[PDB]
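Single chain ahead, by itself, as structure tokens, in the form deposited in one PDB entry.
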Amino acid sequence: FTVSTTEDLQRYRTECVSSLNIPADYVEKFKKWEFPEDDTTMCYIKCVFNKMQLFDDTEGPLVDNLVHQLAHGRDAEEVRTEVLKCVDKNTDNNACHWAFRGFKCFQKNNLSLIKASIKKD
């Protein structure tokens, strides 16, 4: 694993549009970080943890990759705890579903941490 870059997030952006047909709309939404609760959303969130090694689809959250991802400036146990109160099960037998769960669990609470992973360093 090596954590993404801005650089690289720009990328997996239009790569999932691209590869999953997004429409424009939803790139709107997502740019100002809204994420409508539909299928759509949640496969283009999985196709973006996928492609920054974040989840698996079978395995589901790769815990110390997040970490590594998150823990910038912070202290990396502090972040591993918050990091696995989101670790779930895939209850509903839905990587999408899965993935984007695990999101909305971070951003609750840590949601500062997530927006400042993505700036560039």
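Between two forms, the rigid core is defined as the largest C-alpha subset superposing within 1.5 Å. Numbering follows the first chain given and starts at 1. What changes on going to the form deposited in another entry:
After superposing the rigid core, the Cα of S112 is displaced by 2 Å or more between these two forms.
Residue displacement note: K31 has its CA displaced by at least 2 Å between these two forms (rigid core superposed).
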The other form holds:
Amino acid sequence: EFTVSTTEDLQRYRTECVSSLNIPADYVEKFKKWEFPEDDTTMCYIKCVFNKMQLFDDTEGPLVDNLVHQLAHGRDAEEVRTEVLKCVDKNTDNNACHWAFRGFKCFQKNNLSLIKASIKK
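Okay, that's the form deposited in one PDB entry, but what's the structure of the form deposited in another entry?
What comes next is one chain alone, with no partners or other molecules.
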């Protein structure tokens, strides 16, 4: 049961993660603008959202198949997969928040986005 997350899913997951992690209001407003400071509050927020999107498991780490489904946005699955796998590492400091964010950073660096406009004809 993997389905891709939309904008609406992300807004929901954001609300859930904000409240469950008691995110201060300064951060909330940044996260609504998709602005992510590299600090521990943000790293657990990102883990939390990825968990809910089924992109990240705290034990297994980044979930490649689901990430490929989410991040392809119509692109060649095989090519998106090889890029994703370059972003996948091990839980070196045993901190799943740090682990999720590291993946996030690599994705953004490689221009893989969770959400992308879709044109349909």
